[PDB]
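Chain I is fixed; fit chain C onto it per the hints.
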Amino acid sequence: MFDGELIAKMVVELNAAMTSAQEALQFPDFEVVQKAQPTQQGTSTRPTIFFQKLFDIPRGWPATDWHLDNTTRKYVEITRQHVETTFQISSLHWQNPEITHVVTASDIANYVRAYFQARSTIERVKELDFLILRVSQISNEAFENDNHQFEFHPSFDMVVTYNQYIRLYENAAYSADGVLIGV
Amino acid sequence: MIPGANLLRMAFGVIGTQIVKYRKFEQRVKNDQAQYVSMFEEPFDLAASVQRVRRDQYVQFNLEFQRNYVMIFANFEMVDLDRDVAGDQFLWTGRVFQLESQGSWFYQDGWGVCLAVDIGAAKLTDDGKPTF
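In order, the protein sequences belong to chains I and C. For the first sequence, the entry's author numbering assigns the number 1 to the initial residue and increments by one for each residue that follows. For the second sequence, the entry's author numbering assigns the number 1 to the initial residue and increments by one for each residue that follows.
The following block holds chain I by itself, in its conformation from the complex:
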């Protein structure tokens, strides 16, 4: 119930990180995309950042709070489950030997990581209802793109922690009818 809103907020933050990355170092434009496109649509020549969902690890038992609706005398139970999702955040930017202001896809991925681990961005993301854990590795791997050249597709896993709320119904009671039996 949250991955849509989370993906929207993550897209906003990723586009912000790309706007910042346009300042320190320079790229010809940028794009932020979800890796598994639900319809056939191509990879982009421009330097882009991909993000994708990998897991979802609930953390701790669900916490149930009881809220009275006061109208129908029904205890609405609110089950909050904590969640650590894992986002695979990758980058793609072909490298031109002729140009002199070289910037590698590793640079873009590293700058995204360092931006998303800074404390100001952490506090902003907190104001946007989730947080970010540590990124412990950035893997720069090589492959062949469609032009029979060599490209790097660096990627790292970013853990995002948040809560998701479930609303259900239960019956209330305002009475106490005991039976005091003698042994």
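Where hints are given, some of them may not hold.
Claimed, not checked - Label pairs and their in silico Cβ distance ranges:
| no. | chain 1 | residue 1 | chain 2 | residue 2 | range |
| --- | --- | --- | --- | --- | --- |
| 1 | I | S139 | C | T17 | 46 to 54 angstroms |
| 2 | C | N62 | I | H148 | 30 to 38 angstroms |
| 3 | I | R59 | C | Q60 | 46 to 54 angstroms |
Claimed, not checked - With a cut-off of at most 16 angstroms between alpha-carbon atoms, the simulated EDC-like pairs for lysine to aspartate or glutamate come out as follows:
| no. | chain 1 | residue 1 | chain 2 | residue 2 |
| --- | --- | --- | --- | --- |
| 4 | C | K24 | C | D56 |
| 5 | C | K24 | C | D82 |
| 6 | C | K30 | I | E98 |
| 7 | I | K35 | C | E64 |
| 8 | C | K123 | I | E98 |
| 9 | I | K9 | I | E98 |
| 10 | I | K35 | I | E127 |
Unchecked claim - Listed next, the stretches of chain I that the computed footprint assigns to chain C, with coverage defined by at least 3 CB atoms under 8 angstroms from CB atoms of chain C:
| no. | stretch |
| --- | --- |
| 11 | 38-48 |
| 12 | 94-105 |
| 13 | 137-148 |
Derived by calculation from the structure, the hints in this document are not laboratory data. Just so it is clear, CB atoms sit at the ideal spot from N, CA and C, and this is done for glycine as well.
Showing chain C alone in chain I's frame:
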């Protein structure tokens, strides 16, 4: 003799030919960052039959790619990747193509066949000509 002569030259008498802008490897040096820069001879026109190769899309890293191919029969010595050598390059329909395979037949017969992959859109001159 038939393995001599030039069979593709004779075949060009009946079938039509496409004019591609061929460009031959000259030398190559490394720029900074150990990436390595290729340089080429002057471009020159070449009469060749550029037939298709079935290009099929595929999936890598959850993205979708597709390698564009053309098989060129040309009456010239065409050399791709080699030890201490980079491949050649020809322009066709405003698209760059670099050779991937090598059918040889040159020193036997004078012609050759090569599989070439598209690289990208050609640079456009000020006058509108589609060459670098």
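The hints, checked one at a time:
1. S139/I to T17/C: 46 to 54 angstroms: 49 angstroms, holds
2. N62/C to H148/I: 30 to 38 angstroms: Given about 21 angstroms between the Cβ atoms, the range is violated.
3. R59/I to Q60/C: 46 to 54 angstroms: 33 angstroms, violated
4. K24/C to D56/C: 29 angstroms, violated
5. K24/C to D82/C: 13 angstroms, holds
6. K30/C to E98/I: 10 angstroms, holds
7. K35/I to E64/C: Answer holds: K35/I to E64/C is near 10 angstroms, not above 16 angstroms.
8. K123/C to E98/I: 15 angstroms, holds
9. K9/I to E98/I: With a Cα-Cα distance of about 37 angstroms, the restraint between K9/I and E98/I is violated, given a limit of 16 angstroms.
10. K35/I to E127/I: Violated: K35/I and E127/I sit about 27 angstroms apart, past 16 angstroms.
11. 38-48: Since 5 is at least three, the answer is holds.
12. 94-105: holds (count 5)
13. 137-148: holds (count 5)
Of the numbered hints stated above, those contradicted by the structure are hints 2, 3, 4, 9, 10, listed in ascending order.
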